[PDB]
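With these hints in hand, go ahead and build the complete structure from the sequences.
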Amino acid sequence: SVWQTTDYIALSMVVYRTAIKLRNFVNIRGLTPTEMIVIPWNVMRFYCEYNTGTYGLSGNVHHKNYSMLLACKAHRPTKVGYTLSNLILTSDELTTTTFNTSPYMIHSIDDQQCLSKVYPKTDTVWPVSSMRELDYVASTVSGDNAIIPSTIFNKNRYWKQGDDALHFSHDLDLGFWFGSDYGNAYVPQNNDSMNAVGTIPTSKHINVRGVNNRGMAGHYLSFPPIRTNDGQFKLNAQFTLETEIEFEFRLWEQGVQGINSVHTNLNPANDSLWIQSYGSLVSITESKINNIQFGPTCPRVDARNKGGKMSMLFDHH
Amino acid sequence: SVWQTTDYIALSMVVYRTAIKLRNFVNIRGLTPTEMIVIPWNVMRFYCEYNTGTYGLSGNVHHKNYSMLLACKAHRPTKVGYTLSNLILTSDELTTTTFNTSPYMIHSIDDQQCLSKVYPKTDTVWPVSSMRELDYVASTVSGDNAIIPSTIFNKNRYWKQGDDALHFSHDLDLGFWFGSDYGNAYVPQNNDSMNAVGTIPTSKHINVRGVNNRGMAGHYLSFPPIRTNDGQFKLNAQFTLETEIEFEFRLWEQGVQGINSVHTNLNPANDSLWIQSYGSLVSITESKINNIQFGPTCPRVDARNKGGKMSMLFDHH
Amino acid sequence: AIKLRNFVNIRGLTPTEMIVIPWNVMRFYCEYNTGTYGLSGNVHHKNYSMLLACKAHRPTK
Amino acid sequence: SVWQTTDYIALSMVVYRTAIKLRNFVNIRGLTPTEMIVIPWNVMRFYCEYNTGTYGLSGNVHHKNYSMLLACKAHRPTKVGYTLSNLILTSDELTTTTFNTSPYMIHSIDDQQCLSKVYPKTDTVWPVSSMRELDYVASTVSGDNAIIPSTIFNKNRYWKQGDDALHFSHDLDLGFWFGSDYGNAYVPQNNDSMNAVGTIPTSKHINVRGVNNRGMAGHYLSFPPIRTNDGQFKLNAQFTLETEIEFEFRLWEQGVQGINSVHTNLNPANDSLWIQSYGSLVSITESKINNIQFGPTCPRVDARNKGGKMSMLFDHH
Amino acid sequence: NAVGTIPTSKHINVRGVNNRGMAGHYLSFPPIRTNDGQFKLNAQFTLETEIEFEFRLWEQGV
Amino acid sequence: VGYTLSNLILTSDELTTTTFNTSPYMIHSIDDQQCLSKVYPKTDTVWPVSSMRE
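Residue numbers (the entry's author numbering), protein chains in the order written: chain P, 45 to 138, 147 to 369; chain Z, 45 to 138, 147 to 369; chain C, 63 to 123; chain G, 45 to 138, 147 to 369; chain V, 247 to 308; chain E, 124 to 138, 147 to 185.
To be clear, the hints were calculated from the coordinates, so they are not data collected in a lab. Treat the hints loosely; a few may be bogus.
A short list of chain E residues far from chain V (calculated; beta carbon distances all over 10 angstroms) [to be verified]: (1) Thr153; (2) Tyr171; (3) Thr174; (4) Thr176; (5) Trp178; (6) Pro179; (7) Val180; (8) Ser181.
Just so you have them, the derived chain V footprint on chain Z, three or more residues with Cβ under 8 angstroms [claimed, not checked]: (9) 250 to 264; (10) 360 to 367.
Think of the CB as a built atom: it goes at the ideal place given N, C-alpha and C, for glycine as much as any other residue.
Structure representation (structure tokens):
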């Protein structure tokens, strides 16, 4: 038996799991039956950054568990999800607003991807600081036609006062980690719109390449068209938004390799094999979201092209 | 039953296995505790070409089984390995050198890849003809810090006189073969540094592409720092180097296709599907190695991104 | 954990004097003070600089 | 336990097996019932070298597996065989040639060795480049008598359109190997005509000596005599010639002994014990075969003098 | 390669994989010599081809 | 995808008038080793795409 030193790999490979859970009240008002609320639930900033009211305008809204994930060697988003809860419906009438139980708010999931990319209304804009209170309104309009959102979208839940909460989750299986901040990136997705790895593959070695089409369908809030004598009912909704994003993180190398002064020199170069930049960004100019891309996991994609391990390790020339 | 001719595929697919086993004495001298011996065990030339003493300077040092593999249609490196055996430790004192049992020589495997790329010492150079007697010395130095190699490297065996031999093997599972000489190439590896296939993928058909990160960690020889009144003990080591590389080779097409005169014309064009040039070369100017890249199989890479079949067959546009 | 490995050379120690193992000091385990390192700069392990980004940390074993 | 180095014998003794399979169409025309086609199936050049049409005239017709066997340390012919298949019989009438099913082509094996040595017809010659398309015609003639070949030869198969293919194999058990090219040699045979080892035994040591009478009988193609009003039917035949020769080969010495530069010096001298030159040559002047010797394994030779191991290791003084 | 669409950047594309191809099929006649030249051999046969398609319909709804 | 060759009728042209003969055969060759990677028409011959099935 030849004597050998302790293992430094075991502790560098141990995966730690954390989450960021944030809760919010949402007031949806002034939404006509043609326009819909766009749930930016495919954006990393939605889950781990609290943009509501004065917060998003004020200062650093990042959760402290995330600012810590940036002190880790690597972090990975894994599961992500949100819950719509405790719906309160109101009508504006003519103007004073009161409660009514009979209506419903329509939660729409766009699985067939009727809407590939979604823009704000003409005079409307989408502040990134307003993200969590769900104010992003899109008016779906054909050439002369005004689409009713609930009619095109595959999954439409009519959600009523007293109904149970609406839970929506998305699992991420990434073969790779992230070493930097998300920075108004979508949650990692392999789509027609976007890919999960952000690092440009460089030649003469293996790189991380996205694989298999894991994406999130567009989630949309809408109200049923109900006609008054003149025009439509103005239906309003309050509910509770609870989001959760579950991170995996991983620590620094054991030994002298992980010493602050010499880690700059001794940092592994093959971190590029498992450590990646965030893949695709939401389109942002100033603080305002230009459009939101969705790109669900397509049900008509071959089932063999859908499944685990969103990335593979693939050479480049 | 329609009559049909004999099968010519069976004999073209039969895989034959050979090895090249070479044995060598190694004398490591003048190695301070800061500098380390770099085992060029990731280089094809290390196993199948005998570079020692006058041989490497003299003439053709290739083993004859390899010169035959070049008469095959295809050959593939498969397993590769070396054995360090029968360690003899000596000290230089002041100058006359004598035997001492108590010290040890440190064999270091760099799994975490503290050292991505390794250069010779400033005045030192790395002759490619000196490869098998392990004289390649690297001085690991931080900005003001002189690294002790054993302290950063993950696996460090302290190997003593009388200890059993040190065996190190690397299996290669290649989905492809090679039709040419290695030519100062690393053994096929999928790394941050290097990829196993050398053929540039060309458009409008499938090409061989490296996959899954199979690489070899840096192997390093070092001595423990032991202080004299002035300076360090000068520790020297002899041992036996037995290397083995196990080749698979494959023969020519049966039938008229494999006739010398018409095989030039009738050589299959889809050889490009299973026949490849060697992927990545050691950096050589003149006869001297500029640097040695290692790129281990990374333990923090996803286990699903590590495993068999170092290549896949993938289209190009 | 923070695992650090080091070579130690004890020299010039008479039988009356002894080497004091500072193994009761936190700085001994999680900070690498050897050779030029301790003189050079920040010798703290990076897992510790992260523990300071945690809400709480505790030394245990 | 005394430590010892790895074994270099095991890999030098491993025997690898290959074959050369070649397929050919044969057109036998203008063969009278007195003359016969001589199947040069006892010639090495018949199996491993493709002499047909323009090939034999053009250039290098050797199969590439054979050019590789010459890069081996040793190679050995072992089994050899050919298949006659898919017979098509035609008649020339008066001149235009048409198909007829009723005749047959006679395949004759000369076991009793009626014909020891076989010469071409007076104006006919036997190009070595014409070997595989079976055009070598011999006219068997006694003093005043014209022999009908089928009548003297022991085994005569009357082979008809629609009959199954004619398979003929010959196994070789050689106690020795070959290090050079066959070079218009017969396949190794111990005969009245020929012996399998080509190396002249040299004095004061053991040499390889042929033993036991393994030989191949003369194979002959002929047509039955069928009389017209004036003369004979002119019967013609097409069939498919598939030949196969199965080689065993063996690789170079492991270790420094098998290094290109020093193998010239360190080549074993006792290769002369198992490595031999080819025994007996077909008689060739220019490109033309002078005669073909057959020398079957004689059925009236003692059965104890027939059997395995065509050679023994025998001293010389 | 089987896919004709040029892969475009910043998303996933369909890429061909695994080498499925069809060998060359060839019709030929055996060489059979006349007095001068070869037999001219001719052939009639019946060619029945079949290609089996899968198809898929349009999206339901509006 | 697939095709079937069926009911072979072999004839010879002789000298010119063409007649039936059973004894020959037509060779169907599948090139698995890909002796021929790419195949061109004969020099004076061309390959009309409208002639494909015969």
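Going through the hints against the structure:
| no. | hint | result |
| --- | --- | --- |
| 1 | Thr153 | holds, 12 angstroms |
| 2 | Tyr171 | holds, 13 angstroms |
| 3 | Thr174 | holds, 19 angstroms |
| 4 | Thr176 | holds, 15 angstroms |
| 5 | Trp178 | holds, 14 angstroms |
| 6 | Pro179 | holds, 16 angstroms |
| 7 | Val180 | holds, 15 angstroms |
| 8 | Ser181 | holds, 15 angstroms |
| 9 | 250 to 264 | holds (count 3) |
| 10 | 360 to 367 | holds (count 4) |
Hint compliance for this structure: every hint is met.
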